[PDB]
Structure formats: C-alpha cells, structure tokens
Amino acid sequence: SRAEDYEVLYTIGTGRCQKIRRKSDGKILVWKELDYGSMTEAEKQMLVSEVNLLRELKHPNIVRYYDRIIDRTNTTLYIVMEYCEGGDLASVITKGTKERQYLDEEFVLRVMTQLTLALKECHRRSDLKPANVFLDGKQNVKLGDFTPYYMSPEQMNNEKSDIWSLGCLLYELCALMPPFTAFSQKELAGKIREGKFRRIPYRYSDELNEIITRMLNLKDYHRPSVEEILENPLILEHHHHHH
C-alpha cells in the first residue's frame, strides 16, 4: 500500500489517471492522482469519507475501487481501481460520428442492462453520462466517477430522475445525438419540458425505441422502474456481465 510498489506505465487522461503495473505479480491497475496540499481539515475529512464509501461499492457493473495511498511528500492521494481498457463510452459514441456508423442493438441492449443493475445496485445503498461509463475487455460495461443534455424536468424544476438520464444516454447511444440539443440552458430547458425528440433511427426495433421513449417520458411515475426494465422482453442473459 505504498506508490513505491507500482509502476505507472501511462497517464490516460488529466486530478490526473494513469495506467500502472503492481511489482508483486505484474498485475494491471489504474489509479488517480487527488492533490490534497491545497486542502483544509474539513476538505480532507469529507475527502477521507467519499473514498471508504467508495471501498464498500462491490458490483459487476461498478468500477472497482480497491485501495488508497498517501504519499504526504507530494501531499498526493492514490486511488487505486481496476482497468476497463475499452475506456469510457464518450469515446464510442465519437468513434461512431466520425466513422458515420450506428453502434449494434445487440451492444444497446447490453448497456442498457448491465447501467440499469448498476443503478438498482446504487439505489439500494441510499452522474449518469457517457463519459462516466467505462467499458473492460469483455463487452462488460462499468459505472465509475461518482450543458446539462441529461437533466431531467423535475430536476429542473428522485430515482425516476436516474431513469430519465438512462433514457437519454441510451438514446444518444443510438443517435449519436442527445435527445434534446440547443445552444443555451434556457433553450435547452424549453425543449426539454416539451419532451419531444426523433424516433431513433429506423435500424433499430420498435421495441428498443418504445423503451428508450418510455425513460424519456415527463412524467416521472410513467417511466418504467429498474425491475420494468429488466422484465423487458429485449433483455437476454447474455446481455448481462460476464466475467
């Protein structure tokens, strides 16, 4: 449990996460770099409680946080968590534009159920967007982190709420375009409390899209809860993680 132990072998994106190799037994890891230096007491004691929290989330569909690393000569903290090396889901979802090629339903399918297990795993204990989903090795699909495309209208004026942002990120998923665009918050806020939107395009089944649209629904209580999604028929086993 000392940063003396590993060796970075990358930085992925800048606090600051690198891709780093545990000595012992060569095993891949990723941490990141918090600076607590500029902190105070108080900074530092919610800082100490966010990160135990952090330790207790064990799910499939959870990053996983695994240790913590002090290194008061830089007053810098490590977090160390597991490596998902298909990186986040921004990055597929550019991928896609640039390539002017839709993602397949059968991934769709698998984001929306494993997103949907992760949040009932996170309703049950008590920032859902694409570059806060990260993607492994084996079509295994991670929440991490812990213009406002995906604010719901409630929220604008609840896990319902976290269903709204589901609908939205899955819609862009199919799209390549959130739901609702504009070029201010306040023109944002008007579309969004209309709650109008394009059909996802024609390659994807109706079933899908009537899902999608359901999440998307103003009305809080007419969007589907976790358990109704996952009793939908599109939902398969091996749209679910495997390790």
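Numbering follows the first chain given and starts at 1. Between two forms, the rigid core is defined as the largest C-alpha subset superposing within 1.5 Å. Compared with the form deposited in another entry:
- Only one entry in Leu208, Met39, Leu29, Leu57 has its C-alpha moved by 2 angstroms or more between the two forms when the rigid core is superposed, and that entry is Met39.
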Second form
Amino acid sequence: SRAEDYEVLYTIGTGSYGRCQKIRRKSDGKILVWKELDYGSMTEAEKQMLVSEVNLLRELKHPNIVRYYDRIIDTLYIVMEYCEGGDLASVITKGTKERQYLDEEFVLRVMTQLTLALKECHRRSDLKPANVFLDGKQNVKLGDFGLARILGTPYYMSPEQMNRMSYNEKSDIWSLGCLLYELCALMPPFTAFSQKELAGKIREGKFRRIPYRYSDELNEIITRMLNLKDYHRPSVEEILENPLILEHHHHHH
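Alternative state: the form deposited in another entry, after the form deposited in one PDB entry:
Below: the lone chain, stripped of partners and molecules.
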C-alpha cells in the first residue's frame, strides 16, 4: 500500500524497466523485493495494459512460482518474494566460469519444481533461465509470465511456434527440455550464427548428449522433451512419474 512501510535495503539489479531492490517490511521484518517502475513517461494506452497485468499477478499462490505480495503507487512498486539464490542464468554463467558442471541432484530439483510450476500454470488456462529463481532453501521458482512481459537469438523456439502452429502445453515441455539441457551442458541444445540457420538445426532435431556425468535416465527424459513431434514429448504427469524424481527433489519451506 505505501512505500513508507518498507525499508529499502539495497539495489539487486537495474534495467530498461527500472530497478529491482531488496526491501524489509516494517510489519514483521519480512525480507522481500520490489520492482521500481516509472510510469510518468508512458501513455495511457500502455498504462491500460500495465494495470491489467499487476492484478493478473495476484492470482497464483504456488510454492514454485514467485509470489506477489503488494503494489504501491507513489513510480510504481511491485512487491515480490525475495529469491536469495538469484536466477538460473547466473548459475549457468558461474558453472561455465568455474569450469564446473552442476550436480545431477540440482538438475532433478529444477526439473521436478518447474514441472510442478507448469502443472499449475496449465491449470490456470517463455521458460528462460533468466526467468527462473532460487531461494536460500534449495527451492526453485518460476517467474510470473505476466511480470516478465511488463519488465539465432531465441534457442527455445519450439517447432510448433516455428512451423506457425498454434501454441499448446507441449510447447512448454520443449522449452523445459532446452532449459534442463542448458543446465546440464552449460550450452543450449541448438546453436547457430543465424536464426534461419537455427531453425534448420531445430528441425533436424539433433544435439549432443548431455555430459556423461549425467545418468542415462536423466538424458532420456531431457531428450524426450526435445522431440520434434509434440505428441512424443512427455506430459507434466509423465515427467513426475519418472523414477528419478523423489520427495527430496520437491519444494521444502
């Protein structure tokens, strides 16, 4: 409701949208974040979209989706859950930098927890590592797609989107496979110097196996999600039935 109820601790990041800050709530010392957005420069036509988007973010309370808390108008402040471990893109960047592949156990947590985020998203009815967040307790959280909207280049561009087919939930499984693959290989499954060259790679359907430190079973599941035919990809339910996925891979709060 009011910005005087929150103590600004520090700036986490910045962008063309505005600023991301870590904040402590005066109520009960709750550590959260806000996105600081200047609307003063925008037209009403863009303001009609933005207001419709802030309220749409109020809908999903889920352990594996970043949680909305509050909105303030002063500048617009969108008050979100704090994710101590930051985003997945930085984890990948750090892996590359330190020459260190991620533990299979971490990859299984991401797979389990994002698949559950997707199960929920699909019930309501762009999975990039930059839009996936980690708390301090091994939990994985999907960023609100509506939040990311208001805030070969694509790589995760499913054959359906490409072949001008309408979107389906199996397209999200494809994007999940690309993310989990990149998490294992520290590179996306398909890469090229042009977008039409990227399209050629994706449609051919071929990629390197994930590093040999990952089990045959993990490799099998990622590979399955990267099938060209949407009907050969596993459903959310089929993914979670996988023997690899255990209680300890789920959220714990």
